[PDB]
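For reference, the chain that follows is the form solved without the ligand, supplied as structure tokens.
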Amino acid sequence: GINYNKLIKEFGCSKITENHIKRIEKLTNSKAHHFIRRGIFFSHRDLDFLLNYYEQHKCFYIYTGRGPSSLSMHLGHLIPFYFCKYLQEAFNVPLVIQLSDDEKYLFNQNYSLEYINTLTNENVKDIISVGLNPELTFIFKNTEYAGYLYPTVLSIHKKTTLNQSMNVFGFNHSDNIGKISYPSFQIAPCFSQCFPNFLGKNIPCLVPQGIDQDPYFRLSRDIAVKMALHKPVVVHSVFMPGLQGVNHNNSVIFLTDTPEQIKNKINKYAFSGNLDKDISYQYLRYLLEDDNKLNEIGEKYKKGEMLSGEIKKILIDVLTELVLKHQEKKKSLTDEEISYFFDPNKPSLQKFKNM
């Protein structure tokens, strides 16, 4: 298969151990998220530094981001946001969310800034609708917030050769100079000096991402050393597989999909097992919070006591509930609720300003 332990050894990452989990549960006074307990988020760099930092200072922040997509977001895009929701609540720390509308403009030849803004505003609604805590969240668009990032971006630029940018990101000489210099803007928010309205300088940053992003993220950590700032901490997730195989539109669950569209996609296109190869069981590892129910389902399926139609039906109900709750939350959002996410001066955020 994928062999993630081989990939850890290759990249030089570290496994998240049982003791890391115990330590998280202890520091947050709460059970660890199922993504961590089930090995969905499975590796890290410098997690001990972060846990020890939080233990002594009760302080860090979480950085994540989103390039605005041309199509509707699908379930795979929300996975990291569900994890950030958990992190912000369990640790009680700020979450900053970059919308890289500039990146989308620079990388898509026929897209205008105006059109990209319509996509950005829709994505923001989906992001908020996972149930993020408004009081501990700061969302920003790069087009609007660049002035706060720029002094940091300059320092990152100065320490990144063209060779390094091209080698790391696979750019070529026909690529526009926006693409070439964009990565600094994605690195910058790892450094708390980019958020002077509510963070102190040089506060550690936790950045959840896919294991596949580690080679790119190494540039952030190398740059931090040259800037004499903390290296951003990373926890890595496995690839969430498409419906058709664990290794087009019928390969994902869009958040705008109806109950009937979800039913058909799972029944017709989701691969059936063998727990390791059954896509429905795999998705239940992400979506089912109750450990006992998951193990009971896994027990019955492997023994043959549960058929494929039944495990697919359980997934469809779970998915349908999730998607309908999401659609319901999104529909209820007011412009005032949305704007509040973009406010850097919230008193709950400003608590961390002198920590």
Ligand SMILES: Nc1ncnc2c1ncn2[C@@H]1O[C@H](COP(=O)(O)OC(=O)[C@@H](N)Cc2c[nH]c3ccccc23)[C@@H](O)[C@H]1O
The other form holds:
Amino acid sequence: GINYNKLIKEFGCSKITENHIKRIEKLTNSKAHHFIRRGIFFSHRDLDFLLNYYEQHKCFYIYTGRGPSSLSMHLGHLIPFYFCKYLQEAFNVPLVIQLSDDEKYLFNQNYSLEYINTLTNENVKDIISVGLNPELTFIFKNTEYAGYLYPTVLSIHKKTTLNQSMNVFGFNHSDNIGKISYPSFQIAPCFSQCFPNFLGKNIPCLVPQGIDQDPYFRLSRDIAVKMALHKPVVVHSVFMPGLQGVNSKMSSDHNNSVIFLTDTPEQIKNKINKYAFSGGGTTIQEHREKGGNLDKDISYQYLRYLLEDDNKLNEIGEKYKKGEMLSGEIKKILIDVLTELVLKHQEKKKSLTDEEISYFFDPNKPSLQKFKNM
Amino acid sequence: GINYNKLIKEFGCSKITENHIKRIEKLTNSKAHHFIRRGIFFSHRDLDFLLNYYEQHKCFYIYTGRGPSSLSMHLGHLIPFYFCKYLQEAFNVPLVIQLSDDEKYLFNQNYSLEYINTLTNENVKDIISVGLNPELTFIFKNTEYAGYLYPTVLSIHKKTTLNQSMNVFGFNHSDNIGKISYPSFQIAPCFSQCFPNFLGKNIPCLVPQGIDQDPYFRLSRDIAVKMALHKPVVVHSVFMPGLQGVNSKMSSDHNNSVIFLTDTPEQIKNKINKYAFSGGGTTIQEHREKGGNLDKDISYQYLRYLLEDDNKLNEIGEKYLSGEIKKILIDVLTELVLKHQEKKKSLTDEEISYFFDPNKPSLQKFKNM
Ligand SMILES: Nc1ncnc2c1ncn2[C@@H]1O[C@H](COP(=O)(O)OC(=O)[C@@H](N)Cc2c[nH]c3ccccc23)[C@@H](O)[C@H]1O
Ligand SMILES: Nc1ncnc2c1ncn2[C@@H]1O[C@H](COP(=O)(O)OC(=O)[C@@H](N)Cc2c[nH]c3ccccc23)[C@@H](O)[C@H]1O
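Alt. form deposited with the ligand bound, vs. the form solved without the ligand above:
Everything in the complex follows now, all chains and molecules, and the chain you saw is the first one.
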């Protein structure tokens, strides 16, 4: 399994605490998202600075991204985006979303820019369909927005030796120079000068991410000091596991470990019933006696990510732990929850117009520009 | 010295020939510029393809550039630009000019972007003051125009291993990744898809340059094949030597080997009289007997670049008094430099801005090739 504690201490982060949560709830006048309460988003750098800044200036922005390497995203890919939806609503601040189409063109030898773009456009619909607030969201493709990033990229480039790049990201001498140079493009949007149409200069940036993105942003913090700009504030998520077991990451038969957003209710039912690891007894008699293992049961673990009502989760968790609820029942609860989530997602996605989509790419929205001088 | 013949064969170029010149004169209905006639621009790749292309389609574009590393350029820096002025007039085609401010920011550790920009703006005036046709010219700064270049840069990046970049340009592991990645930005404008406001896609590109730029464009030709786009056509110039001697390059006490465009008539006179190498005899008696060495005399060599009238040059060349030939050069330089400064001083913000406008109708002539 992934020892997340050993990552905190090795990468140099701090755990998000109960007092961080209360503080957040005080500043946003709203219950904190379950991801924070339940330790999904569990780690940070400079969170207190950010919260202090928001308290004084009612102002920061949120940055996250998606590398369009596949036509259809899975549930794990949406964790950061659901969290950004919450952050955006609760704090009432802009959210900027990078589609690193350059990255995925550069890293996949047989993929054309044209092919990457079909993936990007579909991915963007999936991203929008989580319910992002169009009025406070700016999505951009690096292939189209590089002109705005480049001056900042130049400064980041200048402050990154080839040695550092190769060491931090594990590049070798046969890698193309696009790969060597991409990380500066992922780092750039942490600096509000990249969005002059709607942000003031040197506004703090909150960067929600799965823990795999940290090498970029750990580097970004060193470079920020050299640029005399705010260090990016990071909050890291654990990985949502695959169905096969908790000691894994949901990734991409191998698609039987993954819930795709294009999956039908039929396919979801079958994946859960047949492939989702059960933490219960092998017999009903044994289950009644020993109970369910919550740490290993995939359906319970998934319910931690998806079920908004705390009481309902603790009710299910206690019954399953005690043996009062069967593996068949908890799997059935998950399926109903997933089916609802996925059907709502597809309903929203199908309904998106070109006009609605294009609006997310418009940097001159008045609601976005409220922080332009702020 | 620089053995230019050994470069041709090592880099893989071909010499420009008399038949290339005649061919050019036939197609442009105009005498060829002295740089070609006198072997200043001496080397090329795919020149015949370009000339044939122009004959069939009356269409190509010219690309060259300047790295703004100094507040004022010297005469050597203008050689390519004078030549582009001619090419632009003679062929009646667009000229695009890259200011590689990104390059010079990235290669000079103590230079800020803000400092580079003061240099760029001054350099741009120097470039314009050569007499470029504003109606057929597009100047751009990489810091401002990168959005238009990036898709093409990505493809060039993808087709360049770190090994290649390091080999071709001599980078090491302590160089910043900006340096490693810059060459693709220098290469990109060779592909007309970078100028969608005024060029059609996949239009041939003629790239005049001093021979030091060739590593970029030799690479650009290999990559062009992989991108299934036209290979850039190159024409290379020798270096205008420094005053110290012919075995040199004029390069930005060490400024006594260089004629800057900000130099006064007083400073020019002194640099020539005091520092310009003389190919005359050491004694007056010896000079009478052997004559001047034209191959080594800096003042004669400079006159090959600057004197437009062939007869006047051949008259001076046959006769060759070191004091007199130096005095001829000084008058020629002083005129050139004073005209240049006159023009430069006269440039308005409006005139300058116009060069950066990609939507000029005269520029859009080839938009639908
Ligand atoms: N099983 C999982 N459970 C929870 N989270 C997960 C899971 N799998 C992936 N993630 C997170 O989803 C985001 C997008 O992943 P990508 O591979 O597109 O991610 C990429 O290819 C990036 N280079 C794109 C990017 C560009 N700029 C950014 C800024 C912040 C974060 C990400 C980016 C990521 O945050 C990732 O950590
Ligand atoms: N003594 C000399 N005699 C004759 N030619 C000379 C002499 N010194 C310099 N040159 C030529 O001047 C141009 C600009 O030089 P830079 O160092 O700014 O050149 C640079 O720093 C480039 N990276 C800028 C650039 C960007 N794109 C281009 C495309 C073509 C040519 C040049 C560029 C060059 O053509 C150079 O060969």
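Definition used throughout: the rigid core is the maximal C-alpha set that superposes within 1.5 Å between two forms. Residue numbers count along the first chain shown, from 1.
Please look at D214, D102, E89, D257 and say which one has a C-alpha shift reaching 2 Å or more between the two forms, core superposed. Result of the superposition: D214 is the only one at 2 Å or more.
Once the core is aligned, please say if the CA of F11 is shifted by at least 2 angstroms between the two forms. Shift at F11: 2 Å or more after core fit.
State the core-superposed CA shift for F239 between the two forms, in Å to one decimal. Reported C-alpha shift between the two forms: 1.8 Å at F239.
Distance moved by the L71 C-alpha between the two forms (core-aligned, Å): With the rigid core fitted, the alpha carbon of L71 is displaced 3.7 Å between the two forms.
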